Amino acid sequence: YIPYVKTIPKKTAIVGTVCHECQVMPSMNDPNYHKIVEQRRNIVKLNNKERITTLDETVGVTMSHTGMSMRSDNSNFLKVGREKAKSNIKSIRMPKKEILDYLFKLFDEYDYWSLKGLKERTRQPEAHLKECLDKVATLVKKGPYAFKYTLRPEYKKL
Amino acid sequence: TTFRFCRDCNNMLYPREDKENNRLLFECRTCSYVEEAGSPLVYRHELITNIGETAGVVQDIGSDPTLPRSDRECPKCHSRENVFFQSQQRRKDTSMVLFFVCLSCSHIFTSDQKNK
Amino acid sequence: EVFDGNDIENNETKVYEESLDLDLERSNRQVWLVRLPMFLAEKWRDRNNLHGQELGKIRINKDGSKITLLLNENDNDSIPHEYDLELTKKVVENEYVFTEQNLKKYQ
Amino acid sequence: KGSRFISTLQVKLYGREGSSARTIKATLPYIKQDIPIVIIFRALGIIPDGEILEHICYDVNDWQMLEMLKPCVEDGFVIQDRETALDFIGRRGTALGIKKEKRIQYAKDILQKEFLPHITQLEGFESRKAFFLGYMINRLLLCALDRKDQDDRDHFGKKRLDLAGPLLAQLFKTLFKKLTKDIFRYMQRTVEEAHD
Amino acid sequence: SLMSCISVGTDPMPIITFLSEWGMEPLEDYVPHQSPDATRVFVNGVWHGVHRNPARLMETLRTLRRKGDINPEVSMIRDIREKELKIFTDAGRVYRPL
Amino acid sequence: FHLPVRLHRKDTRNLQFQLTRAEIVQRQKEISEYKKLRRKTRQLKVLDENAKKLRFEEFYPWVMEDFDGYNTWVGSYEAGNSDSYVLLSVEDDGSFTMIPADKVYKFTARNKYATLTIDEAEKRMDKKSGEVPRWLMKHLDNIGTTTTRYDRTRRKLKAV
Ligand SMILES: [Zn+2]
Ligand SMILES: [Zn+2]
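In order, the protein sequence lines correspond to chains A, B, C, D, E and F.
Going by PDB author numbering, the first residue of the first sequence is number 201, and it counts up by one from there.
Going by PDB author numbering, the first residue of the second sequence is number 2, and it counts up by one from there.
Going by PDB author numbering, the first residue of the third sequence is number 38, and it counts up by one from there.
Going by PDB author numbering, the first residue of the fourth sequence is number 246, and it counts up by one from there.
Going by PDB author numbering, the first residue of the fifth sequence is number 540, and it counts up by one from there.
Take the sixth sequence: its letters are residues 133 to 168, 325 to 448, numbered as in PDB author numbering.
Honestly, the hints are just simulated from the structure, not real lab data.
Heads up, some of the hints might be wrong.
[Claimed, not checked] Below, simulated DSS-like cross-link-like pairs (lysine-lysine); rule was C-alpha separation at most 27 Å, straight line: (1) A:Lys296 x A:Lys330; (2) F:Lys394 x A:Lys211; (3) F:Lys391 x C:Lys141; (4) F:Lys161 x D:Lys347; (5) D:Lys315 x D:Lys270; (6) D:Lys345 x F:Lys415; (7) F:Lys142 x F:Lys341; (8) F:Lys394 x A:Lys210; (9) F:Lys340 x F:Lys142; (10) A:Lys335 x A:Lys297; (11) F:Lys161 x C:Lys141; (12) F:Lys161 x D:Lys353; (13) C:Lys80 x A:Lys235; (14) F:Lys161 x F:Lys444; (15) D:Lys347 x F:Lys394; (16) A:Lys249 x D:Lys422; (17) C:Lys142 x A:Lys211; (18) D:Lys358 x F:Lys341; (19) A:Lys290 x A:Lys245; (20) F:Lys394 x A:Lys206; (21) A:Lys296 x A:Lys335; (22) D:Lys404 x E:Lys625; (23) C:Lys80 x C:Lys103; (24) D:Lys418 x D:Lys403; (25) F:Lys415 x A:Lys206; (26) A:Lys286 x A:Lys297; (27) C:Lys51 x A:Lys210; (28) D:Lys344 x F:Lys416; (29) A:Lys210 x C:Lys142; (30) D:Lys344 x F:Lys411.
Construct all of the structure, not just a fragment, from the sequences and the given hints.
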């Protein structure tokens, strides 16, 4: 046998047994009869589809929005580039004697610290930030925690 | 030849022999249901077959406008109206005998005078 | 509403507070299966209706062999008031009606 | 209307008149092999052999047609339920991603969306597919029994003339598909490359 | 030929709904052994059901086409011998007046 | 049927070897003794909500099984006449009550004649022999292989 089958329980109940099958058909002797026939006839005489609409405006005016037009697009849909541009900021060099102290506190919080997160937390240029980061920490590329900066064993083993 | 079907699962039965009574039994191959055969015939392969000579005869055959008419006498109701057609078997060995269908009694007779 | 399968651990006792067995109590109830025309079905299958009002009356001859249902005057004189119930199968066999409800999920 | 692709279904009567066993096998798209008709019927939800013949032959006394159907049921006897019939179809399918359990679902989808598409492609229409399949088998047996001549390919009633309308419709359908594909490719490029 | 014309095709669904309302039994409840005289109804090569009195259906269908309710291009064939009723609505069929 | 009967949705995989409701009770009784990154860009094809909802609900078809496993029926959804039916229930006063229909399910019996398995089914049809024996099922039944759930449950229950 198989241990697991993944059933889906539901509350069910038999609430009757069918005894007769019926086909309701309007009586041909009813005074209102032949109105259904007209309704049935109208079913085949109805065309839901609508014909294409042809523009009656001047061709030159219609094409004014096509091609190398002078109009500046006002659409904001899927403007990925615009969104990123607005959010921009840069700090200035935030001298050494303070940053070198801050990293160790950041390292103490967690022993494996990413580059992207570190730039987010420290807000430094990557250029200057690399100098201090390499002086204090090292990166293990070939290990399971690849591309992750970690404090050097000399300072971690304290 | 008549095909038989099982009662418990609707599967078709197959012949079997019972040496205890030397009889013919039709037994199902899945649910072990048996039933004595009413006839000893189990197979037939008619190399020359006449099945399909009048295939397609319906209650409203006379309503077909493409069928030809004839004035031959119906030897079951004595009527002159009828629609006739050739054999419906497409094997290129059948005779050109005509089959007549009466429009008053739905009786089918043939013009054959050799064997009938 | 996913749930365990064989449930050899007996988890249904607390997960659900209702019996999980099919209720074969109301099965002994005569039911007629009726196929309706498009015009009549379009107004009898609406869920914004069926307030328990009178939809008509079923008329059966004393000797049988002929049935007919007559609607009330609520149709607005737009459809026939008399219909013939054609029994496509006098003896209907092995057809049943079963419901479906959600189970209480706590305790 | 809807996809404009064409799928061909062939029901083939193997063996000659001098053979002791002539079976019928049908070719299904994306299956790579010819399957006996009985197995296909079971895959559609018709397990009983009697029900299988009922869809094929519409006459009880037409024993001659039933006799020719005897080998077909004999070949497809080792399969006697829907689940195993679907798995047999699935194993022959050329996907090789389905491992052992998606095979049943994969086979079910093929029989639903790619098998006889001109009837329907929505779930819950296995009965219609089976009845048409029996109709195809019934027609094949009728010709095989010298009761109906093979269909004439020169019959003008079975031919269609494609005018500028249908010809342009297919061209526009193909070109529009390319345009739609190009549009999305721009969206993917625009989203990933951070472009307006 | 001079009088030859080629159809443009129309929607077959209106014809299918008409057949259902006039006694075209759905194929889901078709038992061949309980009715070995029914006529198979085909619309654009699709078997949609069976119908017990093919004469009345054909007369009603022909009358509707002639007066104009059904598009004249729709082709209707009743094979009495084969017990089949075929209705064609697709485009590309060649027809001529008579 | 052997009461009680359960009608729920379950996956139709290895139904032949599935445990019978009575057996789980027997096994449950045994328990008492023991105690004491992505591509970041993908295309989704628009699909009508009705079909997707129908597909999700109908993934696991209805299965009706009795206590002893003597009856096992699997329901298949039907769409031809699902929404064109109306039910009239006869109350115990002579009157009739109308209830619209929702769906139609066709139930087919499962595991009544010791169905084989796919692995063995392919082997037999393959060129293992000229043709499968006419009474192969009878021969294998005596060997004991290829049993049924009802036969599977009775022996285990009797063994206790
Ligand atoms: Zn049997
Ligand atoms: Zn006569």
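CA of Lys296 of chain A to CA of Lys335 of chain A, is that 27 Å or under? Holds, at roughly 12 Å.
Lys286 of chain A and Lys297 of chain A: Cα distance at most 27 Å? Since the Cα atoms of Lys286 of chain A and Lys297 of chain A sit roughly 32 Å apart, the hinted pair is violated (cutoff 27 Å).
Given the hinted pair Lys290 of chain A and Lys245 of chain A, is their Cα-Cα distance within 27 Å? violated (71 Å)
Does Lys330 of chain A lie within 27 Å of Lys296 of chain A when you go C-alpha to C-alpha? Holds: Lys296 of chain A and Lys330 of chain A sit about 12 Å apart, inside 27 Å.
Restraint check for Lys394 of chain F with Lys206 of chain A, where alpha carbons must lie at most 27 Å apart: Holds, at roughly 22 Å.
Need the status of pair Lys418 of chain D, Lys403 of chain D: alpha-carbon distance at most 27 Å? Judged against 27 Å, a Cα distance of about 25 Å means the pair holds.
Measure nothing beyond the straight line between the CA atoms of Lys340 of chain F and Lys142 of chain F; if it is 27 Å or shorter, mark the hint as holding. The hint holds at about 19 Å.
Given the hint that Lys344 of chain D pairs with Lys416 of chain F, test it: the Cα-Cα distance must not exceed 27 Å. holds (25 Å)
Hinted pair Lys161 of chain F and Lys444 of chain F, Cα distance within 27 Å: holds (13 Å)
Are the Cα atoms of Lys358 of chain D and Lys341 of chain F separated by 27 Å or less? holds (17 Å)
Taking 27 Å as the top limit, are the C-alpha atoms of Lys249 of chain A and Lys422 of chain D close enough? Holds, at roughly 23 Å.
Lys345 of chain D and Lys415 of chain F: Cα distance at most 27 Å? Holds, at about 23 Å.
Comparing the model with each numbered hint stated earlier shows that hints 4, 12, 19, 25 and 26 do not hold.
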